[PDB]
Amino acid sequence: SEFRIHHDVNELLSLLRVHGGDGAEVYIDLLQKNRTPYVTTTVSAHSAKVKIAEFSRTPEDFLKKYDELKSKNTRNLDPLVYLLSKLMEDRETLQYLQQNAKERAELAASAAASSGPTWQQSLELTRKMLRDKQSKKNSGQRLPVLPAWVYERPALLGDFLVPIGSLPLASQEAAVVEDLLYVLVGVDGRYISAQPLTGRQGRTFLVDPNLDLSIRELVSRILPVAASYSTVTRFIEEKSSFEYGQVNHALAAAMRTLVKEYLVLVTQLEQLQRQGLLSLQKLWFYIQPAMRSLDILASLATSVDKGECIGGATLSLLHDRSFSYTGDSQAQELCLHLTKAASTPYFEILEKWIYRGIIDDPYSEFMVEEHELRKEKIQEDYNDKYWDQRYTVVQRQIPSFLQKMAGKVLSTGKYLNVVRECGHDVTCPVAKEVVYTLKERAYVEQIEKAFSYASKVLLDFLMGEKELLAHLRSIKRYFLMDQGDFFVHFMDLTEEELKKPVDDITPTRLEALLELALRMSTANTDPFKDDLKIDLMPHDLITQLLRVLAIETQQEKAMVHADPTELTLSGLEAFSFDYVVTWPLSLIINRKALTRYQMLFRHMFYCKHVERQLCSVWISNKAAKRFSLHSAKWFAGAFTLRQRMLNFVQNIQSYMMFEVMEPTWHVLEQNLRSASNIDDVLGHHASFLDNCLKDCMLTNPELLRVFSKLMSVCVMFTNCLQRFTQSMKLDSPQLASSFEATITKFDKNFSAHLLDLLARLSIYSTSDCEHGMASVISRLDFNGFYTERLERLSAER
Amino acid sequence: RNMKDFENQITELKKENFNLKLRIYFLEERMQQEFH
Amino acid sequence: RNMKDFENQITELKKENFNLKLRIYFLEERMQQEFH
Amino acid sequence: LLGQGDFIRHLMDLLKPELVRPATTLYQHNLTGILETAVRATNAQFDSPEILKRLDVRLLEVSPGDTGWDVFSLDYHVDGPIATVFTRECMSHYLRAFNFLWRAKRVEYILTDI
Amino acid sequence: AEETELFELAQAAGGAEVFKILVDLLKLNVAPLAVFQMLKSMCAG
Numbered sequence: 002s003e004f005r006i007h008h009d010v011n012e013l014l015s016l017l018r019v020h021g022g023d024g025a026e027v028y029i030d031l032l033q034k035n036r037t038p039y040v041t042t043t044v045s046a047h048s049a050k051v052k053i054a055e056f057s058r059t060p061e062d063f064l065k066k067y068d069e070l071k072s073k074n075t076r077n078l079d080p081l082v083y084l085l086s087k088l089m090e091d092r093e094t095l096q097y098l099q100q101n102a103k104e105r106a107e108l109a110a111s112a113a114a115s116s147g148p149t150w151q152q153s154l155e156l157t158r159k160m161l162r163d164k165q166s167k168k169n170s171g172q173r174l175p176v177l178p179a180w181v182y183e184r185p186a187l188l189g190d191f192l203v204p205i206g207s208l209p210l211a212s213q214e215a216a217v218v219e220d221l222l223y224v225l226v227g228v229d230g231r232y233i234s235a236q237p238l239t240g241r242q243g244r245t246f247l248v249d250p251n252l253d254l255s256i257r258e259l260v261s262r263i264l265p266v267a268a269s270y271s272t273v274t275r276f277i278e279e280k281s282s283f284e285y286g287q288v289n290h291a292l293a294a295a296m297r298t299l300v301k302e303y304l305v306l307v308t309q310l311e312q313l314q315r316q317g318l319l320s321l322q323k324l325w326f327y328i329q330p331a332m333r334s335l336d337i338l339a340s341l342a343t344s345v346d347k348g349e350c351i352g353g354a355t356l357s358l359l360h361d362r363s364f365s366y367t368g369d370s371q372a373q374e375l376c377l378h379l380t381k382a383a384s385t386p387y388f389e390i391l392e393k394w395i396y397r398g399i400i401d402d403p404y405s406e407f408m409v410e411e412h413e414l415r416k417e418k419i420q421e422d423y424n425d426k427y428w429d430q431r432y433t434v435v436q437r438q439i440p441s442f443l444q445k446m447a448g449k450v451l452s453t454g455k456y457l458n459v460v461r462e463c464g465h466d467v468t469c470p471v472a473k474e475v476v477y478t479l480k481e482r483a484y485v486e487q488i489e490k491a492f493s494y495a496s497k498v499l500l501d502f503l504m505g506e507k508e509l510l511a512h513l514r515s516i517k518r519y520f521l522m523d524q525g526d527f528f529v530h531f532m533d534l535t536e537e538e539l540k541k542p543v544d545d546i547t548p549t550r551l552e553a554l555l556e557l558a559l560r561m562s563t564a565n566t567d568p569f570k571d572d573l574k575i576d577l578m579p580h581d582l583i584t585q586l587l588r589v590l591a592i593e594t595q596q597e598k599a600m601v602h603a604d605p606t607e608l609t610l611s612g613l614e615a616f617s618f619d620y621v622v623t624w625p626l627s628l629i630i631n632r633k634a635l636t637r638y639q640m641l642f643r644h645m646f647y648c649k650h651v652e653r654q655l656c657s658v659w660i661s662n663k664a665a666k667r668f669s670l671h672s673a674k675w676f677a678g679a680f681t682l683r684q685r686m687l688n689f690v691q692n693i694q695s696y697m698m699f700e701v702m703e704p705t706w707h708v709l710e711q712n713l714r715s716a717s718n719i720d721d722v723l724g725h726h727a728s729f730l731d732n733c734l735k736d737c738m739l740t741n742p743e744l745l746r747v748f749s750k751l752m753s754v755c756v757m758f759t760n761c762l763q764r765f766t767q768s769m770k771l772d773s815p816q817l818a819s820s821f822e823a824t825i826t827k828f829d830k831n832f833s834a835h836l837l838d839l840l841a842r843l844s845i846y847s848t849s850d851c852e853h854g855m856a857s858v859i860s861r862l863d864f865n866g867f868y869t870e871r872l873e874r875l876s877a878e879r
Numbered sequence: 058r059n060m061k062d063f064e065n066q067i068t069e070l071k072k073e074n075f076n077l078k079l080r081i082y083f084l085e086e087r088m089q090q091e092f093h
Numbered sequence: 058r059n060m061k062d063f064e065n066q067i068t069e070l071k072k073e074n075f076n077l078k079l080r081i082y083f084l085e086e087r088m089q090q091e092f093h
Numbered sequence: 570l571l572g573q574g575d576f577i578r579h580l581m582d583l584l585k586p587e588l589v590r591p592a593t594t595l596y597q598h599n600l601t602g603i604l605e606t607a608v609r610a611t612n613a614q615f616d617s618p619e620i621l622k623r624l625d626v627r628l629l630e631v632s633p634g635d636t637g638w639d640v641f642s643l644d645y646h647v648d649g650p651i652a653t654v655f656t657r658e659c660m661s662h663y664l665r666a667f668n669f670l671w672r673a674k675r676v677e678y679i680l681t682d683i
Numbered sequence: 033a034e035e036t037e038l039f040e041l042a043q044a045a046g047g048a052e053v054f055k056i057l058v059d060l061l062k063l064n065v066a067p068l069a070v071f072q073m074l075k076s077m078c079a080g
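Protein chains in written order, with the entry's author numbering: chain E, 2 to 116, 147 to 192, 203 to 773, 815 to 879; chain s, 58 to 93; chain t, 58 to 93; chain D, 570 to 683; chain W, 33 to 48, 52 to 80.
In isolation and in its complexed conformation, chain E is listed as follows:
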C-alpha cells in the first residue's frame, strides 16, 4: 500500500540497473510530492496527440490504436500520454531508457537461454460474465437473475428479425415510401431488406438493386437512423439486466421514453401516409430533425456499452458525453434530462450512503464499498482494520463530478456507518436531495455542509456517549501511575508475588490481589476500574525493546530472533497490565496503543520496583543512628553510595515524570480539548503517544543498553546488599562472597556505567541537541562533587 511505492521504487531501480547516484531515495519523495486523493491527470490531449504523432515512427497504427484506446476510456491513459510525451521530450532519459530497456531485454534473453462477432452470443456471454461478477462479487447476496425466458423468447426487445424495377417512377417513390414505412418499423419492406450483423453492428440493409439510383441513394441517406434504432432496441434490451445494473436498467428505460417518441413520430408519419399525402422531401425534411435526435443517443449508448460503463464510472462517462455533446442544444438539453434521470439512483445511493449514511449497493455500484471486518480482532491485535478497511473506497465506481470532494464524502460516510455501528444513527438534520447538474459547486457545498453537520453530530457523540476523556482520566490515575494510594497498595501487596519467579506465582493470586487492593483502598473513584487488568509480558520491557530497537542494524536477527524460553524471567519481569474497551465504544484503545501504554507502565514499574527496593534497603539499615558512627564503616560507605545512586534514581524518574509526562499529557489534553474529528483525536492521541515515544528517551539503543546495565548493576548491588543486611540481622559461596568490601567493586562497576552514562548524555545528547541533555547530563552534576569526575571523564573521551 503506502510502501507498495517504496517496493516499486526499488523494483524500478533494479529494472533500470541504476548503480551510480543516489537512486530513487529522492525520486520517491518526488512522487510523494506528486500524490493526491483525486485525479486530474488529464493533459491537453490535442497537444499530446500532436507531440506523439510527431515522434511516431508508424503513425497510422498509432492513431488507430489511440482512437481505440480512447474508445476504451481506460484509467491513467491520458496521464500516460502526459508521461509519454514528457519522455519523448526527455531525450536523455529517452536514450538512457531505450538503452536500459534493451539491456533488460538482453539480460532476460540471456537468463532464458541459460535456463467475426456474434452479437447475440456476445450479449449472452457478457450477461453470463456480469452474472458471475455479480454473484461472486456479492459472495453471499441473492442475485435477482431474470428468467432465462428473457434470453429465450427472441424478439421480446421488438427489433427486426412485387417487382419494382418496372414500377412507375412516382409509383416507385410512393411504393418505396410504403416499404420504408415498413422498414422504419423494424420490419421488412418490399424492395429493401435488412440483415442481422455480426457483433454490435448495424442492420446490413439491402435494397432493390433494380430500384432507381436517385431514390435508392435518398433511402440510404435516410437509412442512417435504421441502425440507430436496431441497435437502440438492442441497447434498451441488453442493459435492462440486473447484471447490467438496475441503474443501467433505468438508463435503458430512460432511452425507452425517447425511442417511444421516435415510434410515435413514425406513427404520426403513418397518419400522413394514411392520408395518401407523402412526399419524399417531406420525409427527409422531417427525417433530418429526428435522425440527429436518434444518433446522439445511439452514440452515447454505443459508448455506454463499448466501455461497459457501470457505477460512478458510467456517470463519469455520462458527464463526459454531456460536455462532449455540448455545442448541440438539441443534444445538450436531452442529455441534461438523461443525466438528471440517471442521477436519481446515483444520488439516492450517495445520499443513502451520505444523507442517511447507510450505503446500500445491491449491485455494488457505489464508490464507498464497505469492506466487512470483525470488530473483535481490533480489540486484541495491534494492527487495526476497522478504522481503515471497514469502509473501503472503490475508485472505479465514482462519478467525476465529486472526485474533488470524494475524500470528504468518504470521511462523512465512514463516520455515518460509524454512528450506525454505534447504534445511534439518525437521519441528517438536513436531507436535501442531490440533483444532476453540470455545475458541481452545489454538490460540493452540500458535501461541505453535510461534513460539518456530521462532525457536529459524530464528534459530539464521541465526546458524549463514549466520553473517552474520562477513560483517559483513568488511563492516567491507573495505567500511568498518578494514583498514589493505588501504587502504595500495589507496593505493599504485589511485592509478595513479584518476588516469586515469573512461573513461581499464580495469576489467580495476582488477579485476587488486583481485586483486593481496590476492595481495601480509598480509590473507588474509578468508575471504569474494571477496564484495568494484569498481563504477563512474555519478554522484558528491555529485552523486547532491545530486539526491537536493534532492528535491521545489527540485531534484525542477532537479537530480534532471540527467544525468552532459554532465559529466566523475573517475577516482576513479566508484570504488565491489560485493558478492555468496546469496539463501538472506546474503540480508541487498540492493541498497539495498549502496548505503548503498557510499555510505559513497564518502565514505570521497573522504576518503582527499584525505588521501593532502594527505600527498603535504606530502612533496613536503620540501626546506623544507634549503631557506631565509626564501626559501621562498611555500612557508612554503603550509606553514602546509597544516596549516590538514590539521587541518580530520583533524577532519572523525575526528569521523565516532569519533562516527559507532563508535556505529553497536557499537550494531548489541549489538543483533545480542541479536537475536531476522529483524525484530529488520533493526532492529539499521537501527541501523547508518538511524542512519548521519545519523551521518556525510548529510542536510543545504546542509551537503552547503558541504562539497563546500570539498573542491572544497581539491582545486583542491592541484592548482595540485602543478603548482607539479612546476614547482619540474623547474626545480630557466591552470596557468602558477595561481601568483601564489595562497595568498592560495586562502585567500580556502577561508576564505570555512570561514566558511560554521562558520556552518552554529553555526546549522544550533544549530537541530538534537545533539552534532554541539559536535563540529565547537566542534572547529573548538581554540586561540584559529581561534576569534577564527569568533567575529567569528558576530557578522557
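These are calculated hints, taken from the structure and not from any lab test.
No residue lacks a Cβ here, since even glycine has one placed at the ideal position from N, Cα and C.
One or more hints might be untrue.
What the hints assert, rightly or not - Using 25 Å as the maximum straight-line C-alpha spacing, the simulated PhoX-like pairs for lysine-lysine come out as follows:
#1 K72(t) x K61(s)
#2 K540(E) x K663(E)
#3 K61(t) x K61(s)
Said to hold, decoys possible - Non-contacting residues of chain E with respect to chain D, defined by C-beta distances greater than 12 Å in every case (computed):
#4 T59
#5 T75
#6 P175
#7 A291
#8 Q329
#9 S695
As the list claims (entries may be wrong) - For the chain E half of the interface with chain t, some residues (derived, Cβ under 10 Å), not all of them:
#10 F4
#11 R5
#12 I6
#13 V10
#14 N11
#15 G24
#16 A25
#17 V27
#18 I592
#19 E593
#20 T594
#21 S849
Dock chains s, t, D and W against the given chain E, drawing on the hints supplied.
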C-alpha cells in the same frame, strides 16, 4: 530557508522511524506467533 | 554542531526510511501471504 | 529589516560566548530557545506565534575562521502569498539586506561592548 | 490493472522490460511529469 528546520525534520524522521519500527516489531512478533 | 552533520544525517535517515519501507513492505507481503 | 532592537540586545546578553566562538561551534537548541525566551522579554512579546513561525534560523555556509557574532544568522518562513511576496530572488535580496544590517549591527554591538 | 491494455499500448508504441510498475504508479495518482523527471534521474545511472 532554515537550518533548525533540518533539525526538527530529524526529530520527525526519528519519530516516524520509531513508529515504523514499532509496527515492524509487532508485525514480526505476530508473524512468529502465527507461523509458530 | 555543523551544517554538514545535519545533511549527512538526513541522507542516512532517508536511506534508512527507504530501507524501513522495503522491510515493512516485505513484512506486509508475508502477512498477506500467510493470513490471506 | 533588523528592526526591533530588543531581540538584538537579547542576543548580545546571551550569545556573547556562542557568537564570539568560531563558526565551528554552532549550537542549535540554545539558539532556538534564546529567541523564544527573549520574544516574551523584549518588545517582541507582542509578536504573534504566527510571526515567530514565519521567522526561523538559518546558516549560510561553513567557515570556522569567523566568530559567530559575525557568522551566525537567522531564517524566516515565507509561505503562501507571503512566499509570493518574498520571492526566492526577493528572499535573497531580503537576506542580503539583513546581512548588511547585521554586519553593521554586530559592529555597533561590539563598539558598545568595547 | 488492465495488463491487456498496457501491453496493447506497449505494442502500439512501436518505440525502443514492461515497466508496468510505473503504470501502477500512474494509476496510484502519481504525476505524469514528476515521474517523468525521475525517468531521467534514473536514466542517468
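How the hints compare with the structure:
1. Between the alpha carbons of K72(t) and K61(s) the distance comes to roughly 21 Å, so the proposed pair stays at or under 25 Å and holds.
2. With a C-alpha separation of about 23 Å, the suggested pair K540(E) and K663(E) falls inside the 25 Å cut-off, and the hint holds.
3. For the hint pairing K61(t) with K61(s), the CA-to-CA distance comes to about 13 Å; that is within 25 Å, so the pair holds.
4. No beta-carbon of chain D comes within 12 Å of the beta-carbon of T59(E); the shortest separation is about 45 Å.
5. Every Cβ of chain D is farther than 12 Å from the Cβ of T75(E); the closest lies at roughly 37 Å, confirming the non-interface assignment.
6. At roughly 54 Å from the closest C-beta of chain D, the C-beta of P175(E) stays outside 12 Å, upholding its exclusion from the interface.
7. For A291(E), the condition that its CB be more than 12 Å from all CB atoms of chain D holds, with the nearest at approximately 47 Å.
8. Every beta carbon of chain D lies more than 12 Å from that of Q329(E), the smallest distance being close to 56 Å; the non-interface claim holds.
9. Remark: the non-interface label on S695(E) is consistent with the geometry, its nearest Cβ contact in chain D lying 21 Å away (cut-off 12 Å).
10. Nearest Cβ of chain t to the Cβ of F4(E): about 4 Å, under the 10 Å cut. The hint holds.
11. Residue-level restraint check for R5(E) holds (minimum Cβ-Cβ distance to chain t is 7 Å; threshold 10 Å).
12. At its closest, the beta carbon of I6(E) sits 8 Å from a beta carbon of chain t; the interface hint therefore holds under the 10 Å criterion.
13. With a least beta-carbon distance of about 7 Å to chain t, the hint placing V10(E) at the interface is held under the 10 Å criterion.
14. Proximity of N11(E) to chain t holds as hinted, the smallest CB-CB distance being about 6 Å (cut-off 10 Å).
15. The beta carbon of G24(E) is positioned within 10 Å of a beta carbon in chain t (closest approach about 8 Å), and the interface hint is therefore held.
16. The criterion of a C-beta within 10 Å of any C-beta in chain t is met by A25(E), whose closest approach is roughly 8 Å, and the hint holds.
17. The interface hint given for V27(E) holds, since its Cβ lies 7 Å from the closest Cβ of chain t, which is under the 10 Å cut-off.
18. Because the beta carbon of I592(E) sits about 8 Å from the nearest beta carbon in chain t, less than 10 Å, this interface hint is met.
19. Evaluation of the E593(E) hint against chain t yields a held restraint, the C-beta minimum of about 6 Å falling below 10 Å.
20. Annotation: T594(E) was flagged as interfacial toward chain t, and the flag holds, the nearest CB pair being 9 Å apart, inside 10 Å.
21. Nearest Cβ of chain t to the Cβ of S849(E): about 7 Å, under the 10 Å cut. The hint holds.
In this structure, every one of the numbered hints holds.
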